[PDB]
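Listed below, chain by chain, are the residues.
There are 2 protein chains.
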Amino acid sequence: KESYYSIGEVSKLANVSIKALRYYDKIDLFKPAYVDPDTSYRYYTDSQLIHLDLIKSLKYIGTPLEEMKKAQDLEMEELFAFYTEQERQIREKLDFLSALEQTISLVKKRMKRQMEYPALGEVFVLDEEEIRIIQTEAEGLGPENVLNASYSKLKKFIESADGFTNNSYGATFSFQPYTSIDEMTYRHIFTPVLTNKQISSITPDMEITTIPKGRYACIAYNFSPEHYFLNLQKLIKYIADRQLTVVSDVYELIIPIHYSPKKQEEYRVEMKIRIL
Amino acid sequence: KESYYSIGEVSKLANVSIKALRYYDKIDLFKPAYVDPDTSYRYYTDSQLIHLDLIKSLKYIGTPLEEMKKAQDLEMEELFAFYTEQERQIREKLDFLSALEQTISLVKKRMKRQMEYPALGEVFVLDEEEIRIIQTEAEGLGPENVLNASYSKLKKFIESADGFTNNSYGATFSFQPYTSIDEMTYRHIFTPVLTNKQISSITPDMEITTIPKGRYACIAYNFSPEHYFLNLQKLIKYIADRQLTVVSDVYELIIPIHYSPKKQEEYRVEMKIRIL
DNA sequence: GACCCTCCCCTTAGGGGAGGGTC
DNA sequence: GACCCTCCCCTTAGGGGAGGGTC
Ligand SMILES: Cc1cc(N)c2ccccc2n1
Ligand SMILES: Cc1cc(N)c2ccccc2n1
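As you go down the protein sequences, you meet chains A and A' in turn. A prime marks a further copy of an entry chain. Adding 1 to a residue's 1-based position in the first sequence gives its number in PDB author numbering. Adding 1 to a residue's 1-based position in the second sequence gives its number in PDB author numbering.
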C-alpha cells in the first residue's frame, strides 16, 4: 500500500525463490506490477500477493505451470471441478503405488526363498504354495536350443499386467528315465505372474494356469551345461529309490543371480516335481 | 545363439524403444555385444537380453538410470535391501498423496460452503462446525491499514504443515456499537488450518485455537470499502433488534473469488458472531 | 556492503526430426 | 522398400553460476 515490494521483499515474505519469481515473470504467470525501465528492477504491489496463494497451492499438488495459467482465470463454479479433476488424478497415481508396494513386497518374498534354501545339489523334499503362471506350447524346444527370446510374447503379457518382468524363466517336460539330454524336449514353457490385473487381451495360445500346492521333490543348483543333466539324474534316482510316485511334470526354473553385464553370467536352476 | 540381434530385432521382442536402447548404449547402462566398425550398427547377443529384465523392472518403479548402474552390480543379498529401500520410498510418496486427497477433499468442502450460501447482504443465523485456526496479536492493525503481507508468518507456518496456503484471511475485533470505521481495530488476526501435521516448531506468538461449534449470526457479501461498514451495521442492528446476546468477537473472513491477475480484484467477506 | 539485473550452461530420459548409407 | 546411423533442437521448472550496475 503506497509503495512497491522489491523481489527480495516478496520472496522473503511469500517464501518463494527470487529465481522462481523471475521465471513466473518470464512465462507470464505472475508479473511484477511494475518494472523500472531504468534498472529493470521488479516491483510488486501488496494486492497481487494474493495470486501466489493459488500458484503456491497448485504447485504443491504439482500441476504444471502452463496448466496454472488456465486455472487462475476460471472462477469458483469451475475451480471446484478442476480440483475434483486433480482429486481423481491423485487417487490413480495412488492406485498405482498401492500396486507397487504389493508387487515389490511379493517379488521380495520370492528372493528370500532363493537365498534361504536348505542346500545345493542335494534333493530336498518340501511343501509348496501354489504359483500362478502363464504357459505356452513349447513347439519342440529343448534345453539345448531354448533361448530367452523364446520368452518374448509371455514377457509382453506379463509386463503389461505386472509392469515388472518375470525374474525367472520356466519350462516343464515329461518325467522319463532320460539317458541323454538330447533325449529331452520341453512340453509347455512358462513364466510366473505376480499381479491379478487382467492381462489386457490374452490370446488363446497363452494359458493362465498354476503350479499347484503340494509335495515337491526338488533339487536346486547353479547352472552349467553339465551339472544340468547330472543333477536331474540325482532326481530321477531319488524318486526311483524311495519308490515315490510323481503326479506332475518336472518343473524347471532358471533365475539370474546378478544382472551385471560385467561379471560372468550366472544362473540358478531349480527343478521341482510333484508327488503324493 | 550363433547370430546377433539388430536393434530393431531387440526393440521388438524386448518391447523397448530403439531410441531407448541407443541411449542406454550412450550412458554405458546397456551396450550391444558388438558394434560393426564399418556401419556403426548395433548388434546384441541373446545372452544379454536378461540384463533388460532388471533395467525394465527398475524403470517401471522409476529408479533413475545412474542409479540402475549401481544396482545391476550388487548380488541378491543386497538387491533385497535395495528393494526394501524402494519399498519405504514408495510408502512415503504414498503417505504424501494420502495427505493430499484429504487436504483437497476438505478444501473443496469449504468452497461449496461459499457458493451454496443462502443470500448476500442479509443476516443469516446458523449452526457451524468448529474451525481450527492459527492466530496472532493484531498489534493495532485495522481494516484501514491491514495488509496481506501482514499474514506472512502465519502463512509460512500453515504452508509448512498443509502445503496448501490458506485461501481465506481472517481477523477478529470486539463487538461494539461502532459509529465509524476509523473507530475499529482488530484484536488478534488469523488463518484457518487444514492439516493435523504438527507445525514444525511453533513460536510462542502464534496460537493454535478455534472458532467453536455454536450459533452464529453472520452476514456475507462481496467486498467494497463502503459496504464493509454498512453490512457490519446491519449486523449490530440485527442483534440489538432481536435482543440477542453475543458471546464472541466478530470473526471476519476475506476470501478471493478469482486469482486471475487480469480480472479486477474481487473478494468475498463473511462476518460471523456467536450467540446462544 | 547488500541487492537485483541479464545472459549462459545444466539436469531426465528420451521423442521427433532431418539427411545420408545399407538392406 | 525397410532398417540403422549420427547429429541436432526440444520438454520442467528452475538452481548455480559468472560479471556488471545499484543501494
Ligand atoms: C534363458 C534360458 C532358459 C532355460 N530354461 C534354459 C535351459 C537350459 C539351458 C539354457 C537355458 N536358458
Ligand atoms: C487482505 C485483506 C484482509 C483483510 N482482512 C482486509 C480488511 C479490510 C480491508 C482490506 C483487507 N485486505
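There's no promise every hint is true.
Copies of the same chain are indistinguishable here, so a pair counts whether it falls within one copy or spans any two.
[Said to hold, decoys possible] Mimicking BS3-like on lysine-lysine, the simulated pairs with C-alpha atoms at most 25 angstroms apart in a straight line are:
id, residue 1, residue 2
1, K113, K60
2, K32, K238
3, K60, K94
4, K154, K113
5, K235, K94
6, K94, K198
7, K94, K109
8, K214, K60
9, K113, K20
10, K109, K13
11, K94, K57
12, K109, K238
13, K109, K214
14, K198, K238
15, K71, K60
16, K157, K264
17, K71, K32
18, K57, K113
19, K60, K32
By construction, these hints were calculated from the structure, which means they are not laboratory data.
So, going through the hints one by one against the coordinates:
{"no.": "1", "hint": "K113 <-> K60", "verdict": "between (41 angstroms within a copy, 22 angstroms between copies)"}
{"no.": "2", "hint": "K32 <-> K238", "verdict": "neither (82 angstroms within a copy, 44 angstroms between copies)"}
{"no.": "3", "hint": "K60 <-> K94", "verdict": "both (17 angstroms within a copy, 16 angstroms between copies)"}
{"no.": "4", "hint": "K154 <-> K113", "verdict": "neither (28 angstroms within a copy, 51 angstroms between copies)"}
{"no.": "5", "hint": "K235 <-> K94", "verdict": "neither (50 angstroms within a copy, 49 angstroms between copies)"}
{"no.": "6", "hint": "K94 <-> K198", "verdict": "both (16 angstroms within a copy, 22 angstroms between copies)"}
{"no.": "7", "hint": "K94 <-> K109", "verdict": "both (23 angstroms within a copy, 20 angstroms between copies)"}
{"no.": "8", "hint": "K214 <-> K60", "verdict": "neither (51 angstroms within a copy, 33 angstroms between copies)"}
{"no.": "9", "hint": "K113 <-> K20", "verdict": "neither (49 angstroms within a copy, 36 angstroms between copies)"}
{"no.": "10", "hint": "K109 <-> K13", "verdict": "neither (47 angstroms within a copy, 29 angstroms between copies)"}
{"no.": "11", "hint": "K94 <-> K57", "verdict": "both (21 angstroms within a copy, 20 angstroms between copies)"}
{"no.": "12", "hint": "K109 <-> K238", "verdict": "neither (33 angstroms within a copy, 71 angstroms between copies)"}
{"no.": "13", "hint": "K109 <-> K214", "verdict": "within (20 angstroms within a copy, 50 angstroms between copies)"}
{"no.": "14", "hint": "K198 <-> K238", "verdict": "neither (41 angstroms within a copy, 65 angstroms between copies)"}
{"no.": "15", "hint": "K71 <-> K60", "verdict": "within (14 angstroms within a copy, 32 angstroms between copies)"}
{"no.": "16", "hint": "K157 <-> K264", "verdict": "neither (27 angstroms within a copy, 52 angstroms between copies)"}
{"no.": "17", "hint": "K71 <-> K32", "verdict": "within (16 angstroms within a copy, 44 angstroms between copies)"}
{"no.": "18", "hint": "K57 <-> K113", "verdict": "between (45 angstroms within a copy, 21 angstroms between copies)"}
{"no.": "19", "hint": "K60 <-> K32", "verdict": "within (17 angstroms within a copy, 39 angstroms between copies)"}
Checked against the numbered hints given earlier, the structure breaks hints 2, 4, 5, 8, 9, 10, 12, 14, 16 and satisfies all the rest.
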